[PDB]
Amino acid sequence: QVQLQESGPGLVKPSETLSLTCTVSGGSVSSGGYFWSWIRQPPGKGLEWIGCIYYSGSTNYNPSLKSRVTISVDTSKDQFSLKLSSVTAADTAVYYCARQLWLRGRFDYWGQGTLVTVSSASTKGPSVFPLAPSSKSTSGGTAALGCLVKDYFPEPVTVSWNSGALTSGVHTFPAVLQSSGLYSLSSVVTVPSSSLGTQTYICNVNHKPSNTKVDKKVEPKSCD
Amino acid sequence: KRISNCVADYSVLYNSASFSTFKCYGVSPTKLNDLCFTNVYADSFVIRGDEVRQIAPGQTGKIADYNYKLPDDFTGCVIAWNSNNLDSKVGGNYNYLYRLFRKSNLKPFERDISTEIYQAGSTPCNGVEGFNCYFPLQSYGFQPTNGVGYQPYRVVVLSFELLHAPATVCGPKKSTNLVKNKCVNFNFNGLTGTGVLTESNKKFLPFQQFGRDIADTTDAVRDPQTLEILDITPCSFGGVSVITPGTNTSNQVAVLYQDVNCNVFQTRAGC
Amino acid sequence: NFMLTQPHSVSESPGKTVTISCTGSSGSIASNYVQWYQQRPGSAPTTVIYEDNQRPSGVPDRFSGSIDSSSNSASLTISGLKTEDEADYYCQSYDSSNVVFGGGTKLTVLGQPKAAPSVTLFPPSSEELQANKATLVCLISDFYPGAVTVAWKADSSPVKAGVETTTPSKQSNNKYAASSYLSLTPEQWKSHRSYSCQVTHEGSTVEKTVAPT
Amino acid sequence: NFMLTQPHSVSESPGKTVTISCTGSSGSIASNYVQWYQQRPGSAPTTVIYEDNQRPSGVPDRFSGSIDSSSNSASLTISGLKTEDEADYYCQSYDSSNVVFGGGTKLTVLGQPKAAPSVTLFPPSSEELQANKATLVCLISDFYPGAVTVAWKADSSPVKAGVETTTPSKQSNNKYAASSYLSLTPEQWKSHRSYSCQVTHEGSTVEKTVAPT
Ligand SMILES: *[C@@H]1O[C@H](CO)[C@@H](O)[C@H](O)[C@H]1NC(C)=O
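Chains as they are written, first to last, in our numbering: chain S, 1 to 224; chain V, 1001 to 1271; chain F, 2001 to 2213; chain G, 3001 to 3213.
Honestly, the hints are just simulated from the structure, not real lab data. A virtual CB, placed ideally from N, CA and C, is assigned to each residue, including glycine. Hints may be right or wrong, so weigh each one.
Unchecked claim - Across the chosen pairs, the derived CB separations fall in these ranges:
| # | chain 1 | residue 1 | chain 2 | residue 2 | range |
| --- | --- | --- | --- | --- | --- |
| 1 | G | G3042 | F | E2086 | 55 to 61 Å |
| 2 | S | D215 | F | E2086 | 21 to 27 Å |
| 3 | S | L115 | V | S1016 | 32 to 38 Å |
Unchecked claim - According to the in silico footprint, chain F covers these stretches of chain S (three or more CB under 8 Å from chain F):
| # | region |
| --- | --- |
| 4 | 46 to 54 |
| 5 | 57 to 63 |
| 6 | 105 to 115 |
| 7 | 126 to 135 |
| 8 | 162 to 174 |
| 9 | 179 to 187 |
Based on the sequences and whatever the hints tell you, model everything.
Here you go:
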């Protein structure tokens, strides 16, 4: 069959130019007389139509989004891209590039939704700190350990344990705003206390907005 | 309007991006180009903006039941658009008419042109002006300064016919890859023959399509692509035969083909 | 100025039949095709029905749509509710060269046993300490109901300044999870003999303590 | 987020019956009382119905209102349309401590005799030239149809910069009136030998000319 893959950064500042490119593999953009469109969806809100394009210069835009959407099609690379101008903090939505044939019809195949979160002021890298387990950090035959993701901007951060090898007992918590602007969260995993000094646990905190990947090993506390 | 002996492309009829409304039932709108029928009937008329909802199979009102009834087996396809800048003018455009009154229901796909002044007593009051006797055809209220629910909309109905005939309005199949020197099946608008297509050396007059022989069999056809003359020859000739040495002598047998061209020996009498 | 009016909340028990409306304000629903979309939380939407009366290959026969052009409300009748139907529903239109979607219907029918609030504590790490920072993390997990109260405690007094906590969030095992963070200076961490976080849930209190060691 | 949906334009011949709708989006139309106000142009609105079925003392009996609560639409029925009925009707709902007025319906009126165009060309005022400004002034009056095209001329060259014209307006004698103004500099007024206003009306052209004297 055919599939659509989006690319470009998931980050943009207020009043900045957005650049999201959706690529197509397994088919041809020009062939089939096939249209192309973009749809965004804010978290917790309904779907919003941005605009639609043909493989020629024909295009149309939402009057709420008129004179701000610039979408172009390049047949040589077999993909289409959308450019957004004067982006604000209210434009935080999950963008879907939409494969659609009938202009009054349906979006029969949907690409995966890239998360776009507008970063006000300046993007701040995360500060990852280990959470050392101890005798007072365990209750029974099981123990807890994790990593602290503190003082980062903006949302989101993806935390994985042992490059995704450990998933059972892993809890990812929603972030909360600190006293001064920045965010903070943590990710922990529950393991038996027997595998504390014999198994190595490394958390992988990724911050695509700040382009920072931090790997922090978790070890039991060393009393000094 | 009747469409015949013409190939139709409906992609250009959709990429206009100017029609306000489009209802097209019976056949899926994305797969009606490949599927084809015999005849296409085009019925064009004007209507107001509030009556476009009435044109559907299974509706009751004052326009559909008296002017053009939609049957249950309606595989037609309805297209309309806004044309207020041309179909209406200042001072009152009353050139278009409609029937409001009728004695009883009418059959679908029937035209009523009886200009007979209607009455509650419809059957006595005929061509005369009597008590409550008002002409069933009344003028419009078209005006270029109205809103959206009363604009002049040009409705065209594109119906299809289901009866036996070769498909004319829509080309059932498009040009496929050309194959020769193999026993294949072809349909060159006049026959369905199974045979090979060799390169002939005889040129046809530039007004003919087919070609016969002394035995009166269509063995020569002109390919409408780029005008090359291709012969037609059947691929199945004769039957099979078995050679048996006989009883109490052998067990193996030899298989002979009568007029089929190909351990294996190519004899003069076949394979 | 044509919009599709869609109910925000629709809740019925599994096994019954429901009706989801999609009402147009200015333009009639019979003017243009209406497409319904069923989307899982955190994934791409999928077309559940199209052309207002016929079903795509892959969805069951229960997803039926009907058009009532008299009231300008498009109906999607869904019968025999089950577990994986619990999703958002959006209706689409076209108007005139401007695709308009619907408001969105959440199909959620709705209640689980009480779970003990397991609480673990960590001291601030040594690596956080040379960066002139300190944070005490309090974690509440595997509990129900999702209503917990946190109160950071210090030798001098319960800590309120710098206290940041998270709302309870549903886990994979149907329980809830919560967090609490206490931003602190390195000098204040060693000022108090020890710090403790107390978690109150359904009257019971679970308390752990940490000390600078 | 509750708003009342009302048709923008409603037209009907006199003596017939017309129905004016008022649809509520979120709240039901029977939740709160709906009031209709018939407002003349350039006049204060006046109450014509109250309590959805009761006519106040003074209005005729034809101002009848009905409530279709199933469709969340408030209906106002008008029978026997007259000339004085050409006013703006606003449906008004209390909502939640916030009066919500409807979009408004203006009943239609259900065209003046032929007249000869007039051209009155005023040269720039001497006092205006003392004020360092020149304004070529051309006027149209007593004409029909109300569609006149003006074209300024500097001796023989057409003038478009600084040209300001007025839309035709009906006079007291059932005719129409219009004006045209050409802003100019004092040096440009005396640079050309003469200025003229050419007025085209139903093909016929009437031209006047001015000169600096
Ligand atoms: C039989 O077919 C082969 C290959 O298709 C060809 O070379 C041969 O000439 C044919 N025999 C005759 C008698 O035409």
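Hints and how they fare:
1. Evaluation of the 55 to 61 Å hint for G3042(G) and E2086(F) yields a pass: the beta carbon distance comes to about 58 Å.
2. Distance hint for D215(S) and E2086(F): a CB-CB separation of about 37 Å, inconsistent with the stated range 21 to 27 Å.
3. Take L115(S) and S1016(V): their Cβ atoms lie about 37 Å apart, and the range 32 to 38 Å holds.
4. Coverage of the region 46 to 54 of chain S by chain F holds. Counting CB-CB distances below 8 Å, 5 residues qualify, and the rule asks for three or more.
5. Here's how the region 57 to 63 of chain S fares: 3 of its residues keep a CB closer than 8 Å to some CB of chain F, so the rule of at least three is met and the hint holds.
6. Residue count for the region 105 to 115 of chain S with a Cβ under 8 Å from a Cβ of chain F: 8. That meets the three needed, and the coverage hint holds.
7. As drawn, the region 126 to 135 of chain S meets chain F at 7 residues by the rule of a beta-carbon pair under 8 Å; at three or more, the given contact holds.
8. Requiring three or more residues with a Cβ within less than 8 Å of a Cβ of chain F, the coverage given for the region 162 to 174 of chain S holds, as 3 such residues are present.
9. Evaluation of the coverage hint for the region 179 to 187 of chain S: fulfilled, as 4 residues show C-beta separations to chain F shorter than 8 Å, against a requirement of three.
Hint 2 from the earlier list is the only one contradicted by this structure; the remaining hints agree with it.
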